[PDB]
Amino acid sequence: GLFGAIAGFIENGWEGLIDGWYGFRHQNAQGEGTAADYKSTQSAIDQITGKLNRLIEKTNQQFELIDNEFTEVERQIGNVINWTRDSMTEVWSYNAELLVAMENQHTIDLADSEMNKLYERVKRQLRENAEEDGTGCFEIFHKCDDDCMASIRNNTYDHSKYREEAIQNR
Amino acid sequence: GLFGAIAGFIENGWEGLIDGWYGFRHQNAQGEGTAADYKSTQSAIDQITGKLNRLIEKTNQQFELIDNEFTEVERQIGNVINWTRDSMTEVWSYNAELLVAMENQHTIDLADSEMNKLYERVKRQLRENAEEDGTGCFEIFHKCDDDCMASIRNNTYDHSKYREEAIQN
Amino acid sequence: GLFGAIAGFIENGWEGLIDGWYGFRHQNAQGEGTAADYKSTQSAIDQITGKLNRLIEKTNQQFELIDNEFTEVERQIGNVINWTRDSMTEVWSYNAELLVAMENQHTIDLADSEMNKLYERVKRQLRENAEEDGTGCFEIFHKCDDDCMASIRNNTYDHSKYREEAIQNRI
Amino acid sequence: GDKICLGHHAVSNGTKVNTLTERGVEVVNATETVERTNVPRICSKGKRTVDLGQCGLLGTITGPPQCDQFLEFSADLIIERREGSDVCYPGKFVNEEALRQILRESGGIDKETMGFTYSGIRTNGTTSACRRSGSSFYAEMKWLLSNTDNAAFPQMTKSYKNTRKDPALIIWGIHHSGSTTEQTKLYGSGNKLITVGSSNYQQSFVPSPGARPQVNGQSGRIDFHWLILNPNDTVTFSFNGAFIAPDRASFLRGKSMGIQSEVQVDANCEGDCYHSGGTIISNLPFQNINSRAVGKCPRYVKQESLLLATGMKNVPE
Amino acid sequence: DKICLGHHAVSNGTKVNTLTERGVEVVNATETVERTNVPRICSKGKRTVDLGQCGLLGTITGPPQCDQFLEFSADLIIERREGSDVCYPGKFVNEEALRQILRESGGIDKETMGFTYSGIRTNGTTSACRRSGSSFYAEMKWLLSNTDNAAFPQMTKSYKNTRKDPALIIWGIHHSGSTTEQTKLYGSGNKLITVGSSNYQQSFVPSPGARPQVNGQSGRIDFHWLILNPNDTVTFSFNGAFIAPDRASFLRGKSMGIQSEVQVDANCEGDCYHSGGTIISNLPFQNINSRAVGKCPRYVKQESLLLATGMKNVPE
Amino acid sequence: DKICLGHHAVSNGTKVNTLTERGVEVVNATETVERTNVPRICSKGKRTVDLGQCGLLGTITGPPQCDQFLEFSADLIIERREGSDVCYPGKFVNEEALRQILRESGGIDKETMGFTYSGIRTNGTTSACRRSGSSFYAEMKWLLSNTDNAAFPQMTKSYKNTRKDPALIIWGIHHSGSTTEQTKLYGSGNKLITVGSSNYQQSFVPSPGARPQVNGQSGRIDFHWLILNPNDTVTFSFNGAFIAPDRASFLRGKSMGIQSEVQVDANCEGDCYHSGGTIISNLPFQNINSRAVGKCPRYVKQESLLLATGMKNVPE
Ligand SMILES: *[C@@H]1O[C@H](CO)[C@@H](O[C@@H]2O[C@H](CO)[C@@H](O)[C@H](O)[C@H]2NC(C)=O)[C@H](O)[C@H]1NC(C)=O
Ligand SMILES: *[C@@H]1O[C@H](CO)[C@@H](O)[C@H](O)[C@H]1NC(C)=O
Ligand SMILES: *[C@@H]1O[C@H](CO)[C@@H](O)[C@H](O)[C@H]1NC(C)=O
Ligand SMILES: *[C@@H]1O[C@H](CO)[C@@H](O)[C@H](O)[C@H]1NC(C)=O
Ligand SMILES: *[C@@H]1O[C@H](CO)[C@@H](O)[C@H](O)[C@H]1NC(C)=O
Ligand SMILES: *[C@@H]1O[C@H](CO)[C@@H](O)[C@H](O)[C@H]1NC(C)=O
Ligand SMILES: *[C@@H]1O[C@H](CO)[C@@H](O)[C@H](O)[C@H]1NC(C)=O
Ligand SMILES: *[C@@H]1O[C@H](CO)[C@@H](O)[C@H](O)[C@H]1NC(C)=O
Ligand SMILES: *[C@@H]1O[C@H](CO)[C@@H](O)[C@H](O)[C@H]1NC(C)=O
Ligand SMILES: *[C@@H]1O[C@H](CO)[C@@H](O)[C@H](O)[C@H]1NC(C)=O
Ligand SMILES: *[C@@H]1O[C@H](CO)[C@@H](O)[C@H](O)[C@H]1NC(C)=O
Ligand SMILES: *[C@H]1O[C@H](CO)[C@@H](O)[C@H](O)[C@H]1NC(C)=O
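Chains as they are written, first to last, in PDB author numbering: chain B, 1 to 170; chain F, 1 to 169; chain D, 1 to 171; chain E, 0 to 252, 254 to 317; chain A, 1 to 252, 254 to 317; chain C, 1 to 252, 254 to 317.
Don't take each hint at face value.
As the list claims (entries may be wrong) - Covered stretches of chain A (chain C as the covering partner; in silico rule of three or more C-beta atoms under 8 Å from a C-beta of chain C): (1) 189 to 196; (2) 308 to 315.
What the hints assert, rightly or not - As a list, the in silico BS3-like pairs of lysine-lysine whose alpha-carbon atoms are at most 25 Å apart: (3) C:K44 <-> C:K296; (4) D:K161 <-> E:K2; (5) C:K44 <-> B:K58; (6) A:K91 <-> E:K157; (7) E:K2 <-> F:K161; (8) A:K302 <-> E:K296; (9) C:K46 <-> D:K58; (10) F:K58 <-> E:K157; (11) D:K39 <-> C:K2; (12) C:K15 <-> B:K58; (13) E:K296 <-> F:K39; (14) F:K58 <-> B:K143; (15) D:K58 <-> E:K15; (16) B:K123 <-> C:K302.
Quick caveat, the hints were computed from the structure, so don't treat them as lab data.
Just so you know, even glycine gets a beta-carbon here, dropped at the ideal spot from N, CA and C.
Work out the full structure, taking the sequences as your base and the hints as a guide.
So this is what it looks like as structure tokens:
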């Protein structure tokens, strides 16, 4: 919820979009087309995996029995052992629930961020030839074909080719 | 200070604004009017309460005395007990100060964020009929009345109704 | 990576920019000039130092020997002492690696943020007399001199002085 | 031209908090996270409370006069006092603290007869140190004596099987007489030896008769020893004198909490975290009141205060 | 007319928790607490010794049940509930410290202490350690007077640890079932045993007298122990009631010791054990057993803690 | 015409770690774990007593090596491996707890217990504590029968702590090398020592008999101790084999005690010590010694953890 994109001004996500986290749905003369962005999908996934590899880590740290399940140890040292072990369970349990809550916050906001980095980038590409309507869409103010879309996608769309055209139309 | 809104390009807050965290102050022909936004005020408050409910939690975990305040325990086990309890106090004290510092960072930046989500949204509403001056204000380039404000507020203001008008200007 | 500025749409940084973290490189009629911003450089540095002062803190907390390096203590209490000390080493090591990873995340994203606060501010100054090209640059659509740059820098550049000029010059 | 401006609220005097990044940054509203307020009473509302008074927790097992009302109690919450005493006739418990720890969490105790009977000895040795009406003794124990002064005390064996379904607590005492003469008067002459065995226990004891200062007008001492007998196990005692026999075994009733306190009980306030000087009643995660609190407690921390921002960055003019 | 960017979504996602909200649905999430036990001891690739009817402490003194374990080698030592340390009734003083040492020993290697004896017996036995008829602890010698009632001489025996690693030394004090029996075995008069080294000094008096019969014996033997540092010397002095060690023990290396109630499995690989099996997992935490040992995920209270691996899930 | 903003960069930056990626280069980073030891004991400004050949427990009883330490003051107490507690052979029962009290004592101040004695000897000595010829522990009196074999009377001595702070009380039980020797020193028959206060109650029987010679002595002395609370009274009763305290000890204040193998240095300031020197540092963590004491950064496993102080470094 940090950046306003996901669950903000974009109304929802696309259950038909199997091959990515982020992508494009366009409407022009020829037809309607959908394809998911690689560069930013890859980007997020990579930050998630980098989180995982950090936690799915193995501690190389060995502990032995101070205790005895078969003949109980003397009762006083038994009680110190138990009290300490319970105190560590508190620390670890708190750490566990905290780490997980925090990583989750961050993972969700990592996602809001990358969406709102796709957007703000495409916006930048199109300069003055289109407009923010505000539901995660750009109304293009010039006729455009399906090879014009692809050039936005793979980041080649030239503006000062369609500038004047789209400007009187505003 | 993360997003630039609060204590950034907005110069300050309004001590007269009792009924919200975020709101609107407008100036047009008729007069000057102030009313606080509900949808985003509610939004932040809800994230703060969700923080609180997580900490004002009670541990269901019971501990007993290993220790004796009336007849001291034998000294060696007493010293181990004390050293462990002191070690736990270090861990918890560090955890406490850290948790609170971190939650605070996040609470403040939660707020910067929601302001700068009100802004960027209203901006989006108005399309091309106004301008970012940069102190958290929009100069409207068409005459507008107090029923035009309310339509921005509750999110109904139509742009292509006032488009041409506001353009030559 | 959070905000998109550093290592995002700005392609890289300037190894010639000794006197700041953030600054300006301009190209106009007269020449090409570089000078680093103070107000936002100071700002970031101050948040870094404030992190540091919090960690380079000293614990006022004293601990004594429960242990004996010269004549070993009796073995059972020795084993409990060792098991507890090892358990604390686990907790602290985890805390250490976690604190440092987290602070670093935040320090990096603190930086992305301040850049993308310089930008969005200058943008705001120039109103409609220029354009986002998208590599961290503004193409100015009016001729402008080196005393016009400085007025953007120290935040005095008036827009409605060059408005019309730069506006037809966008058609 | 006309304009609309959005903006956030602010108050004239806000509160300083701390962040990752800066110290004492003012915010609109903030809240406390460390408990500093004590309730100088033991809040026992809704709990079965036994306040042990002049009775020492360990006395509830052996039964000096001052523990007579506590031989068989029930409690969720057990309160020890500093005036509490375990003992009438001078002596000590070996491994006392482990035993206190068991008793504090016991839920109270229920007593059962060990079903011992005795032939051709005395069973009713008393002392002016346990006064009931004239000389008495520990109510749950029997002071076993030779039949007459100087007589030989027979080699005896008594055994007891825990047939109940829960573990039994078993006590006995070794008597160290004030003089060797006194020993032989009570138990006859010659070396004395007591042994106590089960399947998880094995120990033997020799009295050390001889001169101690007088405490409560006695020069002898009694040392109590104890053990847990697992369901279906058997204790066996063997002895030829100087042995203080248990008359009743103790069974733990359930679950409870035990605390040591110097303050009054209060059945009107509800609390689950206790220390010697009262109750910590609070929802906050941390507390700076007492590092030795027990029960269900906020975690103890060094700091007096840690404020949690509940508001935004507060900016005025 | 338009182009629109947007994110993916699934129809039924999973609830997680955040700093800020509870049960917020995300696209994909993953578990972080291990809940799955393997009800076996996973010993693949490890030198395992399962002690069976032999008690760990028996490996040192050597009652008949431990005959196959007097000199073992292990990476992983498994104690069983049926395990017994003792043939002739008695106990180890300070048994748990000794167990802990033995569990981590890597097994033991025995060396003769080089004691010989003049003008006493050396071969006292008992029907409680049955090998073929009466026997005794294999690593110990029951020292007896030459004939019943005879005076047992004042003896001194000493042993120097000339090896490069610390030696484990055992001996026993015999508490006869009656005073008569003591003097029969050892002659009349007060008995005293002392044991000294540079870091050790203790003395022992037997307490003869009547105990119930356990394994048809009324006497008891109590074992005591010490670690002898390289180059230090133990000295025993005694005039009876003394059970002498024949061999010292040396620790072999490094191992783990566990107590278990489940079978061994040389097919699965695991490094975290508890009485009820092996915890095999990569996750940082586990809710299976707070007493697990080895290299374990940290034990926590919670049954589950899900880590988001996806984004906010917003459906139609 | 154009203006461009941008951030700085360096040609070779440092790798750090983040929540999200490993080895991400940043402009400037700083170390967070101390790795640097100072191979000396930094004692500047602290009242230091380095115990040398005196053992901490010797300061209480007073063998010749400890003669300069009977009454010292310190903020910082340094034990050495050559330190020895004892002239005549023997041990302290519960020695470690006593060391721990002494280390934090601030040093000790001695007060006479005000015992005087009738119709016994008071001046038993031994060649094992050499001052000029035979001597004894300086704070103790070896009580002997008036003549060899004579009966030692039943005695009672008591001492009340009238000061406002707790007193440390020490006494010894002498175990003679032979029974003959016991009766020679103390007369024949059973010996018993008892020691009582309001929080203490124990009795002791010597165990005369043959030990190897250590420092040419076959007997042993065992020291025992207690804390006497203000206004409480110790009472000793005994008929021989008892080594009496002449002086009680009072703790002076507060101190730190450490065990060390390195030199003292009054030029460097340090508050965190271990056997191999001082950790001097502001950093929150340290990887030098898990056993350091004082006010120390917390010990951690890792050799290094770098804290970014710069931004993400992106170069040409
Ligand atoms: C155990 O050892 C003793 C001591 O050497 C054995 O030696 C016997 O001792 C008697 C007199 O003490 C001597 O006449 C012989 O040298 C020994 N007898 C025999 C038959 O060899 C003793 O016999 C041994 N006991 C057992 C059961 O083997
Ligand atoms: C300590 O807790 C364990 C379970 O973790 C329990 O089984 C054991 O009996 C307890 N020991 C004592 C001395 O209470
Ligand atoms: C241990 O600490 C407690 C309270 O923190 C103190 O009152 C007590 O005297 C100390 N006990 C020992 C054995 O030093
Ligand atoms: C405990 O660990 C220390 C090192 O930290 C080691 O030298 C010592 O021998 C160990 N003590 C016991 C009783 O295992
Ligand atoms: C301030 O914070 C406290 C704690 O959350 C809350 O109960 C109170 O309602 C708040 N007051 C105001 C005026 O915001
Ligand atoms: C105690 O019991 C003995 C032996 O049965 C009896 O003869 C004696 O009189 C009793 N003493 C008292 C005071 O009841
Ligand atoms: C307990 O033990 C007895 C005898 O050792 C045996 O017969 C049986 O298994 C047990 N009896 C009961 C009632 O539990
Ligand atoms: C969900 O998360 C798991 C665990 O990381 C991952 O391996 C898996 O590929 C994900 N599933 C889908 C369908 O994306
Ligand atoms: C054993 O003892 C000698 C003489 O006391 C000592 O100097 C030496 O270090 C030791 N010898 C060996 C081989 O370690
Ligand atoms: C020790 O004191 C006794 C008792 O008066 C005295 O007679 C004896 O000679 C003294 N011994 C020495 C060596 O001073
Ligand atoms: C100690 O107790 C005695 C009892 O005679 C009393 O007179 C005195 O007030 C007490 N002294 C101090 C210093 O508390
Ligand atoms: C890192 O080097 C920088 C850059 O010159 C310098 O300002 C700073 O002193 C260094 N970092 C620290 C924590 O001192």
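Against the earlier hints, flag every one the structure doesn't satisfy and list their numbers going up. 2, 5, 10, 13, 14, 16
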